[PDB]
Amino acid sequence: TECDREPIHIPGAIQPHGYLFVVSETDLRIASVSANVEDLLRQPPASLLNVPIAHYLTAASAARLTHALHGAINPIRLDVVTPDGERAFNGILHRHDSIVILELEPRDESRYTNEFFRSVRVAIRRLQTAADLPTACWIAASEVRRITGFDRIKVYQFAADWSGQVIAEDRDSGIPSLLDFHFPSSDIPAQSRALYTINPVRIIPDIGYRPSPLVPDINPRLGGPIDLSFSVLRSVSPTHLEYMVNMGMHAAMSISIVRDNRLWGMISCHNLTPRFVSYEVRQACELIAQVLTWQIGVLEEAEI
Amino acid sequence: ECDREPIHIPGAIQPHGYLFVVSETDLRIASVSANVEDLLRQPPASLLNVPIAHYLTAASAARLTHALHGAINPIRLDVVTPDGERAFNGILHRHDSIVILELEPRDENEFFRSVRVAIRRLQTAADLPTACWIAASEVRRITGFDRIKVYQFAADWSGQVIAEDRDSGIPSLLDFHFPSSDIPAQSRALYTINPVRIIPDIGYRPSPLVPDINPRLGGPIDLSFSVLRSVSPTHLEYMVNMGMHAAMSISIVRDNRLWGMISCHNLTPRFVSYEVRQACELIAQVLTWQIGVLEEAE
Ligand SMILES: *C/C=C1/C(=C/c2[nH]c(/C=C3[NH+]=C(/C=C4\NC(=O)C(C=C)=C4C)C(C)=C\3CCC(=O)O)c(CCC(=O)O)c2C)NC(=O)[C@@H]1C
Ligand SMILES: *C/C=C1/C(=C/c2[nH]c(/C=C3[NH+]=C(/C=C4\NC(=O)C(C=C)=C4C)C(C)=C\3CCC(=O)O)c(CCC(=O)O)c2C)NC(=O)[C@H]1C
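Sequence lines, in order, name chains A and B.
Count the first sequence with our numbering and you get residues 87 to 390, in order.
Count the second sequence with our numbering and you get residues 14 to 311, in order.
Treat the hints with care, since some could be wrong.
To be verified - Listed next, the stretches of chain B that the computed footprint assigns to chain A, with coverage defined by at least 3 CB atoms under 8 Å from CB atoms of chain A:
no., region
1, 129-136
2, 281-292
Stated by the list, open to error - Per label pair, the in silico range of CB-to-CB distance:
no., chain 1, residue 1, chain 2, residue 2, range
3, B, 255, A, 144, 44 to 54 Å
4, A, 158, B, 82, 38 to 48 Å
5, B, 268, A, 277, 36 to 46 Å
6, B, 82, A, 96, 48 to 58 Å
7, B, 270, A, 263, 33 to 43 Å
8, A, 159, B, 55, 50 to 60 Å
9, A, 158, B, 16, 39 to 49 Å
To be verified - Computed list of chain A residues with no C-beta within reach of chain B, every gap over 12 Å:
no., residue
10, 171
11, 183
12, 185
13, 358
It is worth saying that the hints were derived from the structure and are not from the lab.
C-beta atoms are modelled at their ideal positions from N, C-alpha and C, and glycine is treated no differently.
Next up, chain A with everything else stripped away, as it sits in the complex:
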């Protein structure tokens, strides 16, 4: 059990469905980039170092980024000017270790946002009058399946020894069930659980991805590798990826359930084939999770 020792927070690489920049808070000069940016901008990664990021954004997007930093914000629409035309992205901004990390994801694509809001609203209301826990958990899982389209959503609860059990499940036809199944504690080891307590949402749209390294993997203010703890594109442990290969599910997304600053459980979402869920859909899942979290407590207290 070297399981718990792998330093998952500093992998020096990202999942390539998105792009990452470290930029300075002053004039927003680039201090590191993911190597896959070469395909975006058609230039060697090294050559972007210390270049103002605004050179590759539209004026409106430059303005919008600058306002976001120097003054609720995520995601921010950013348009990148590339040699092969202007490309539109969801910009995901954060500050950690004296630096600013910008990540560029694909945008939200729904033709059905009003329906989306309605479903989230009726789910929150239902969750709030759930009379027992498996009912509350199942309302959560089924709404999450509604808005993600993933094949199988599970609510996984931790025992005192950090093993866990699937206590609720909603899945599409054909898909095998893991309901009531028990899993060993080493499947979600100690450093992962610590990270998931402070960073409650993660997605792996394609478990077969080729990691794209950071160039360079150095924090410009503090030295050392770039801490990707709070980054949405952080490359994930190869050992977990291999676990998922054996599971037969090639997209994964999970949301933490956190009670008393402690991991109570996870909403785990699997898909057979690779699949992306937009930032805004992930924020909706997190909302659902947070209401579920409150109701877990209401139910626990009602017994005692």
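For this one, chain A is given, so just place chain B with the ligands on it according to the hints.
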């Protein structure tokens, strides 16, 4: 008496929309609002017993029909009139062995973003009064009503304005107490199971229901769940004296009890679409949850 007026059976609607009562079976018209004569250019009596599909486009009729199969509202409906098609938001309710169908004007992206951020600001509300202000201001940003108020009831069913957000030179009602007779018992009860209401123009002339009869069970048509229900003259009177010509309120229900109301007032007449009202209700619903989270900061 305030609490004795049967506000749920006025036998008339607000004329910014149209009401049809139809049968559960083959959707033949059992009653219409009198103003449907302006839409279809026939009298109500000529409409009675005609399948409502007769006045809908083929696709509109197909959607209406599947809605009554089995999360449905609003249904887009295009109606066939002498003067061409008109598109509508169809709001369908099913009760008392009849179907009520109401047509409203349809909607109209910055919009979708602004609901998302409102909710994200509520998710990180520091305290209960701040959460209420946020809901007030975000409701005001998306509705465009001149003044929004979070109004909380007391033990004795009287209440006060605990939060507010308003435009330049609209009067403030912050911290003002009002008596329980202002929202009387039969109202509070309705508003506990029917959470949103809008009056786009205080001074509307009601359009009567023709005929005002439930065809399966007898009696006045129960409009409890109707979005176009005509409201109490006594309340209209009061809004006229307040000097405000549009209102819209959303209920806050905690523990199967009315906890409070979000009240939105405009100086002039002002409709907003089913979709924005639904957005505001989402906001009310997130605020509701948060009231419990922030209250338990104790
Ligand atoms: C003897 C009876 C009445 C009386 C009756 C009455 N009121 C209402 C509906 C009300 N009243 C409301 C009151 C307020 N709006 C505010 O902004 C504030 C305070 C800041 C108050 C106290 C509200 C919000 C409603 C709901 C509709 C809306 O949002 O405007 C009704 C029922 C109307 C209906 O048909 O549903 C009735 C019968 N009002 C009196 O003043 C008098 C004592
Ligand atoms: C010796 C190390 C091992 C190991 C490490 C490992 N696992 C994770 C992350 C996750 N593991 C999860 C397990 C489950 N998913 C399920 O659906 C179920 C049961 C139904 C289980 C038990 C989950 C959910 C995660 C979170 C990611 C996701 O949602 O898929 C990590 C951390 C990965 C990272 O963030 O970098 C690590 C290091 N897993 C093992 O099985 C042993 C070999």
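Going through the hints against the structure:
1. Counting residues of the region 129-136 of chain B whose beta carbon lies closer than 8 Å to any beta carbon of chain A gives 6, which reaches the threshold of three, so the coverage claim holds.
2. With 3 residues having a beta carbon nearer than 8 Å to a beta carbon of chain A, the region 281-292 of chain B meets the requirement of three or more and the stated coverage holds.
3. Evaluation of the 44 to 54 Å hint for residue 255(B) and residue 144(A) yields a pass: the beta carbon distance comes to about 48 Å.
4. Between residue 158(A) and residue 82(B) the CB atoms are about 40 Å apart, so this pair conforms to the stated range of 38 to 48 Å.
5. One distance hint, 36 to 46 Å for the beta-carbon pair residue 268(B) and residue 277(A), holds here, with the actual separation near 42 Å.
6. A beta carbon spacing of about 54 Å between residue 82(B) and residue 96(A) agrees with the range 48 to 58 Å that was offered as a hint.
7. A C-beta distance of roughly 40 Å is found between residue 270(B) and residue 263(A), which places it inside the suggested range of 33 to 43 Å.
8. For the pair residue 159(A) and residue 55(B), the supplied restraint of 50 to 60 Å holds, since their beta-carbon distance comes to about 55 Å.
9. At roughly 43 Å, the beta carbons of residue 158(A) and residue 16(B) sit within the given window of 39 to 49 Å.
10. Every CB of chain B is more than 12 Å from the CB of residue 171(A) (nearest about 22 Å), matching its label as outside the interface.
11. Against chain B, the non-interface label of residue 183(A) holds: every CB pair exceeds 12 Å, the least being about 22 Å.
12. For residue 185(A), the condition that its CB be more than 12 Å from all CB atoms of chain B holds, with the nearest at approximately 23 Å.
13. The claim that residue 358(A) lies off the interface holds: its Cβ sits roughly 27 Å from the closest Cβ of chain B, which is beyond the 12 Å cut-off.
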